Each structure stands twice: as C-alpha cells, then as structure tokens.
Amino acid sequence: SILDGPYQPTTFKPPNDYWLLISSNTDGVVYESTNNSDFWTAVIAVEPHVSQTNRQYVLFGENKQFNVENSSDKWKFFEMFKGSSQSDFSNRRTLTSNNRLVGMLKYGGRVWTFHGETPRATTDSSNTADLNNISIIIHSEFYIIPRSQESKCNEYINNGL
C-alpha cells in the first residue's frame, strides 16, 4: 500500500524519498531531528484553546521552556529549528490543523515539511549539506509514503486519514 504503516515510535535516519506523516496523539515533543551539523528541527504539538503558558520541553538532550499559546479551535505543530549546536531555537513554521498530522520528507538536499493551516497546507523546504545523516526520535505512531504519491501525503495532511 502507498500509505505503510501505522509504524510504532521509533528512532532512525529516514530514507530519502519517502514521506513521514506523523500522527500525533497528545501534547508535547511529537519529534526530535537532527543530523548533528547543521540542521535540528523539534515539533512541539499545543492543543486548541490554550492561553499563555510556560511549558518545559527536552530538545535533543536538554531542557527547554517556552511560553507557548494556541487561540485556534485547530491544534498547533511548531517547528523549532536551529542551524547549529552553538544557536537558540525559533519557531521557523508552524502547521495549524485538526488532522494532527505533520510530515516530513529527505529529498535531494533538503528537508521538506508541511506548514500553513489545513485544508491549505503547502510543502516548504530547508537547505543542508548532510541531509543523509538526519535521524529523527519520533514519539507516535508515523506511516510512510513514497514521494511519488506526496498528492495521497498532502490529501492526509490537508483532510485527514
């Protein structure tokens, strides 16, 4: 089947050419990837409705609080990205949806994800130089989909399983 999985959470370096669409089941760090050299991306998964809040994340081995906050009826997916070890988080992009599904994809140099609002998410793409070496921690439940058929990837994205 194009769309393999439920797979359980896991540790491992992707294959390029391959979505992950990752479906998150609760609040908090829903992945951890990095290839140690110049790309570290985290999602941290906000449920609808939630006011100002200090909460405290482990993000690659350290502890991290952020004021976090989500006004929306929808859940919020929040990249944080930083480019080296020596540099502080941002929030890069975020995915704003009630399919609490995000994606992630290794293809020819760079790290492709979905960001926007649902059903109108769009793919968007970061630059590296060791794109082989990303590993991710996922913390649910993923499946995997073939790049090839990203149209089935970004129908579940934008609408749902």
Contents of the next structure:
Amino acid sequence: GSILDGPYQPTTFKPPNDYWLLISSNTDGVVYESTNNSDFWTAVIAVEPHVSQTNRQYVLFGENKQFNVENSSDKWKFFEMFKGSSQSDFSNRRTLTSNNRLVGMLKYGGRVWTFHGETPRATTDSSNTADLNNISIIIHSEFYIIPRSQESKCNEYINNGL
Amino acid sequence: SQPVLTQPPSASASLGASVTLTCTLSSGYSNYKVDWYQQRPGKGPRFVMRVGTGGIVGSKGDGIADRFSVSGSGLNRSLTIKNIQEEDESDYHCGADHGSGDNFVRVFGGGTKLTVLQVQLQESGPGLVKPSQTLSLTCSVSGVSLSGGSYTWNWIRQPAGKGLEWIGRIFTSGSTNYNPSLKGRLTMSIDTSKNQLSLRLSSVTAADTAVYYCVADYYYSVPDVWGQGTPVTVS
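Structure of the form deposited with the partner chain bound, please, following the form solved without the partner chain?
Below is the entire complex, every chain and molecule, led by the chain shown above.
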C-alpha cells in the first residue's frame, strides 16, 4: 500500500541499481555525499529561502570547503558540487530550486541520474561513469526508496511534494 | 606515471628549530595535491597531511602534533616542522594521485631522511621467496567489513632505493588498478566473507625484495591507514 518505502534513517551504503533515493531535506547544509573514488564525486548542499550572499562552511568527503551562497528565491536551493578525478576541484554542476525540499538520485544504465531545474518542472539529468557498481552514498537526511519503474511518481513528489 | 615528485634525500635540523621539507612537482602539475607521510624509526609510514596550493586539505593524521604545518605554491609543496623534537627524526615521503578510472596511477617521491641534531591492517607473507616463484601475500582487516563498499584498498612496497612504490589498488566490487611497471604479474583479490585482502605476484626477482604495505582509503575522508608491512626477501 506504499509507493514511498521509508523513511529510512540517515546512513552510508551502496544503493542498488534502478532505485530512486528520495531524500528529504530538513535543514540547510550537506544533504548527501556520493562517490566511487574513481571518476565520480558529487555532494548536494541545501540553502534555505531568502539568503543574501554569505559565506558558509561545508564538509565534503572530509574536506573543509567555504562556499559563498546566494538564494533570492522563495524556494530552497540544492546545489550539486561535482568533480571527476582525485586531483580535480569541485564545481557547481546542477541546481534544483524546490519548495518541497526533496532531492533524488538513481543509478541506472551506467549513469547517475538526479533532478534539477525549478519545481514543478524539474527534470532528470545524467552523469556518466565507468564504475557505477562502486558508487556509494552517505545520506544525511531521512530518505525513501522508489523503483525506477515508478519514476513518474518520484517525479511528481519532487515537483509537488506530498 | 606522468608526474614526477622530487624530494631531497636528506635534511638536517637542530632541536627546537624549524625545518621545511619540500616536494617539487614536475612541470604541468601546479594544481596537484600531495600527501605527506612520516615513517618513524622501526615503523612503516603513517599519514601526515594533504596539501595543495591552498594549504591543508582534510584532517591531519592521528598523532601529528600542532607543530606540523603544510603549504604549497607553484610546484612546491612543503611540510614545515617548528620546535623540532627528536621524535620528529624520521623519513618523510611524498605521494600524489594521477588520473581517474582506468589510467589511475599513484606516484611517490624519493623520500627525505630528516635527522635531528579504529581500522587495523595486518599483512602476512612467506618472508623468503625463491625467484621465478609466485609471491602470495594476505592482509587481514579488523576495523570494517570489506563488504561495506566505501573503501579502496592499496598495496604499496618499499624496495631497493628506499622510496615507496604504489603497485595496485582494489575496490569492493573486485575491480582493480595495477601499476604498469609490474607487467601483468600482479593480481589482487578481495575476500568479502573472510574480510581479507590478497595479492599474487608472479615470476618474482631480486627487484621484488621489499616491505609490502596494505593501505586503507576511506571514501569520505583524507587520512590513509597503513598496516605495518610484511618483509619479503627474494632468494
């Protein structure tokens, strides 16, 4: 009787393939970190509505990062920081402007899929990787599991909430 | 192994003074980060600090005193020790990652001998091995489950020349990266259920005489974790 399997305690684990992790952000800061330690490093940070330009500290893969953050929208902003190699620097790759405070991540087809854009029109976008199987994630917030075959429902949630 | 790390063989310092050990990158790698390692007398290496051109990256290692700072500019990467104690007399090693995915390699400096005026890894081996035979090493891990999936496990040897040599790394799935300098003589395995890491090196020669170390690399932290190594002497 459930589409939303959960919510699950924040944890570190290797998610199975073909399942959306629907992560519910409670407060500002790091929402999750994920990597395979080879070619894929991503971390999403959450900035609350109506935040003028300010400097904030975030721990990413055990590294202190100081980012300047701006949020002029009435919605929350979820910024994806990405790098593709050990010696690389992190850069902003994607932005999700959402008033539902939900992000999503899926491992499928040899790629990592997330949501970005502005709700209720957010869409999925892919990141190529040569080692999907070794990708793990530390989720800092409670989360749900939806099968990829029910991605439509996941979409709706991310775009409209509960 | 495109980048080259240059460390002076020896450095000297007096008690209570300051000294700066340096590691110089080859041209074209000004953005690269390097790890510093401290190998105390009668011990194997331990992690010290990671530094790029913007200072320290991540946390410093366990047991590293606040007298240890770290900096970088241009191709220079520096480990500075102030108010030097005699326990600071040690060998100091420079390491750096290069590449991603299939072409990954780890390069090391020659090492600098400074003279002063949780997760546990245990490596086991034969001790003595005859040439042309196959060297079989194991390493037991006790801090974590090898089926967790958030660790990369490296093997690093210290052969003739006294500088560290990265030989390979294995991931939880069993995927591997080997050093090309070893041909295909090196196979690395992971035993999920026995929590064990295993290594085979075919057709060994005097060039393979070395101390072999297993190094845990947690996905979400900077400091390494070393076993204390297994001596291997090729007949």
